[PDB]
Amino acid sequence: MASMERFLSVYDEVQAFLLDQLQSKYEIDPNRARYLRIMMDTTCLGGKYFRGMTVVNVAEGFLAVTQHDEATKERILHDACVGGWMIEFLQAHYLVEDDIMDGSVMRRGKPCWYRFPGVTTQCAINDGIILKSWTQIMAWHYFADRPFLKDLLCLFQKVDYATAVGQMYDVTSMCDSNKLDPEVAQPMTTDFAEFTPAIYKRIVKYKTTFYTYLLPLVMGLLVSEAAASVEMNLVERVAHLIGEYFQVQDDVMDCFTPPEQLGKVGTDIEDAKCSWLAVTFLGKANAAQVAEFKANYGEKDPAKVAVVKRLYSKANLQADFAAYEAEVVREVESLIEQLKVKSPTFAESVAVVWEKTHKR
């Protein structure tokens, strides 16, 4: 059995479990069950499953070097799939809510969930709530007797909290911190003093890296009962690095990828987002380039968005990117090396994560 085909089979099994429990215990009717089914499929399916498959891949890694009965291999893979799905659905929660928060139009070349005609924001906000509740329903049902249950549940919450904290950092990133105040409508930054590497890094680490890289790697370790075969500080550091690289690619794509090939129309310029382009561009601009940037950033007006793009194009940020790229290729390989001291297997699983991030 190919890993993907296992993963996907477990989706069906998990879906059937959740909906049948809704009928037997939560008094649901068939039409509401269908609604929730369509919501689950529309919001959890259709991506690459990079996060969920990472849990499966790390588990498979350890299977190849650890003695187990066949039924134990099966059990561990079924746990890897279930934990995988917890993370996918946790992402779906965040994608649903974030698309509402930001007033987004599309993702994966289809409309945001809230924009479906029969959904609306009133239902979608609560649909996103349910998606994350399902992660806990999954975990208590399938992992009830597992020795890893508490470590797994405790890890998952802290990543979830961290992500919501990252979300806060992100949607506040175009404000001046010293002006934050619930009483007072928040003006956009005029000095851009807080568009720095360290501030950028903080947004990305909390908003993305913990849920996309750390969570899947460490869940792989928990369901395999293999946490003591890695140095957890290394796992965190390599996760940070790959996570940050991932986002920098995703920031360069918002600006320069055709909207058709991005699965969405990019708005980072017009949302005044603390992207890697703006931070890096402000790291090398002259006075006059900075003044022009400020007059044109965070304006929905397309003439001005052409101006920020022209400034970025003229700025030669590709050279800054290859240099960042090179250093990250450097640093990840050092971390992989350090990871081979304890688990060669694990370090290989990190290498595979790194390749799939480094290409796309």
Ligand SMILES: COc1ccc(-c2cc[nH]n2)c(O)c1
The other form holds:
Protein chains: 2
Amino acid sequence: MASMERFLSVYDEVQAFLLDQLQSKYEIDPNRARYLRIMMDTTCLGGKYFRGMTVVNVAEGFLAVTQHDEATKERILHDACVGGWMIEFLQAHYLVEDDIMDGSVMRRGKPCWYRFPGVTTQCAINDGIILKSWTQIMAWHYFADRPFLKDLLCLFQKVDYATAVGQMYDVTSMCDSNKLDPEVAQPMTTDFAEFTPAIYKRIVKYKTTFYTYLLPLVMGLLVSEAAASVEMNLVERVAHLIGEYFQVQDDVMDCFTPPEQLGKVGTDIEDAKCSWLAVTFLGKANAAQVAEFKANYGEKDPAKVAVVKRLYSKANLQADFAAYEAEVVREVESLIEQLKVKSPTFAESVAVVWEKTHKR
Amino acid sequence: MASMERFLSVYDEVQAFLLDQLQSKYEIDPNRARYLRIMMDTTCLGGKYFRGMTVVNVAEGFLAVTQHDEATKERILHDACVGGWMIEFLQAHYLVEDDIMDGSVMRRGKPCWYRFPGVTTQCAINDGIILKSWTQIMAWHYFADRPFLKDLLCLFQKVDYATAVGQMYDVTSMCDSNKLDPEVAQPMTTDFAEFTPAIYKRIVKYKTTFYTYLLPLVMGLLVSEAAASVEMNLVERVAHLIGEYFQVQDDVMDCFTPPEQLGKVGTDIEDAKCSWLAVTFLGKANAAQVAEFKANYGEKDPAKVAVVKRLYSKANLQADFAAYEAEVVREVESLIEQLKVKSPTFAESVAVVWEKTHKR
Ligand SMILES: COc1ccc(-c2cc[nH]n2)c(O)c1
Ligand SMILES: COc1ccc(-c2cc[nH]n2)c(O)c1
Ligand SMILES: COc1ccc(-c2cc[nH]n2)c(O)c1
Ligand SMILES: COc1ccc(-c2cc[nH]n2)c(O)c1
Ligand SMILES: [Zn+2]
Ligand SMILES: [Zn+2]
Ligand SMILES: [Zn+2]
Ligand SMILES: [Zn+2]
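Return the form deposited with this ligand bound of this protein as a structure block, the form solved without this ligand having already been given.
What follows is the whole complex; the chain from before opens it.
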């Protein structure tokens, strides 16, 4: 079976399980089951599934070099798919709640979930809650007897928590730290002294890289019982490196990729986000360029946004991006080499992850 | 040590643990640690702690009849307190997100968390997320080596999930089921045919009773290694019965307890909630009374709200409440008797829970 066909079929299985359980144990009625089915589909489907399919791809790499009965190969692939869906549902949770938090308009060429007419924020917050609850239901049901259940749940929790910490770092990135205070409405920074590479790296590390790269990789290992074919410190280093890059790309596309192509109108400039573009601009700007950035950043006025975009283009950030990209390629190749020492197989999956990221 | 002194001290311990971990492992800075400390205090403290102290009280009952080294007694009490805080933080999660979902104004005589000037919804949704993530961090850290870790995590998950299902039943209780549809803005029901005792019971069972009564009771058992001193089906029956009652009280106070005393301006009438008062009114009203209810319920206009309140008073619902209360007392006494067969101790804790509920 091709991997994607298998992955999508398990989605239907998992869906039917969750909805059937709601009828047999939770007293749901058909109409609310239908609401949840449509919520699930709308929030979990339609992306490229690279998080969830990474779990599958890691597990397939190990299958090709490990002796197993056919039943065991099927069981391992089924587990990789369920694990993959846990990650996809965890992302769906994030995206639902983030969209509400940020007052987002579109996601993937469609309205954000909370903006559907029959949803509203009042339901959507709870819908996002359920999305994450379903990850746990999956794990407890499908992995009940599995030796990796404990490690998998613990890993999941830590990644989840890192992710929520990262959302806090992200939504607070345009405040001055010493001014954070729940009793006082938070002004945007005037100095941008916290728009640094180290601070940007901290935001992106927690908000994206743990769930997008570390979790799929380590889940692949756990469902394969292969965590001893790797030096976990290298797996973390390479996840954080590739994850940072992925985010830098995301940050550039927010500003420069056409809305029709991005699936949304990017608003990082208006939201005063600590983006790669802002940090890199401030790292090379002269005093006049910095003053014009401060007078125009974080404003809804389209004229000021166009002025920030012009400031980025004139500063030739595409060159800083190339240099960044070169250094990442260098370091990713290095870590892949270090990973070959203990597992060629896992190194190869990491190469594939890098290819999918670098060439998207 | 008195139970409450112990419980509150463990709060300080757990707080310091969580904040210290954020500095050592999550790269937090002092100011964001301070934000989280104040969030924690504001959202987790200030109630009566009957959920969390139930865990302690169950565990203390078992200590009085089970032989143990002094170190083991301290360890069991410490675990009961940590478990109790897991439940309190889980409630804090619910309350933060529910307040945002419902556009609530006050909670416990103070602004809802999201309404603090330096919070906003954008942070508060995530703050609520973290609150629940901290429950898991507690469990994995404090119960790492414990034999009950698995059962406790599994129990927690199921209760959490039941709770989120119950929030969906609650916020959808004024829609007609057959009209639920994420593509279509949801009209309030005109017939109120779904305002029935069985439907009300389903809402309250999931939204309140699993986390408020079932979880504290069963956690008390688990940290005591005493789950075989009870018939779990009786524990569930008695939790659901007492929990229903607790909610009925809550529903009556929303309408009739002065705002200064309730700690908020109750809005169940305006929100068209499926409350005990509405269901009981519709169960006894004549055709004219039902028509006047339909023309005035679920409206912000204070005149219509005063008309619904008058309709409840004239219908002598305090009498239906007494009869309900009598039947609950009867059934609770019966279940306590059935629980004595296997554990006098646990039966007594359940009597105390009932006393605290019935006499609040
Ligand atoms: C774990 O590896 C990956 C690899 C690539 C991507 C990707 C490419 C376009 N969107 N997402 C990902 O989310 C995870
Ligand atoms: C002015 O800033 C930029 C920076 C980077 C890029 C980029 C990177 C890969 N493709 N395009 C860009 O289009 C504009
Ligand atoms: C598990 O037992 C209880 C007993 C009583 C209460 C109560 C009384 C006033 N608020 N809450 C509770 O939340 C849980
Ligand atoms: C008109 O409806 C009611 C129903 C019940 C009560 C009640 C129950 C315990 N104390 N008070 C009430 O004050 C008004
Ligand atoms: Zn966001
Ligand atoms: Zn972005
Ligand atoms: Zn609510
Ligand atoms: Zn209420």
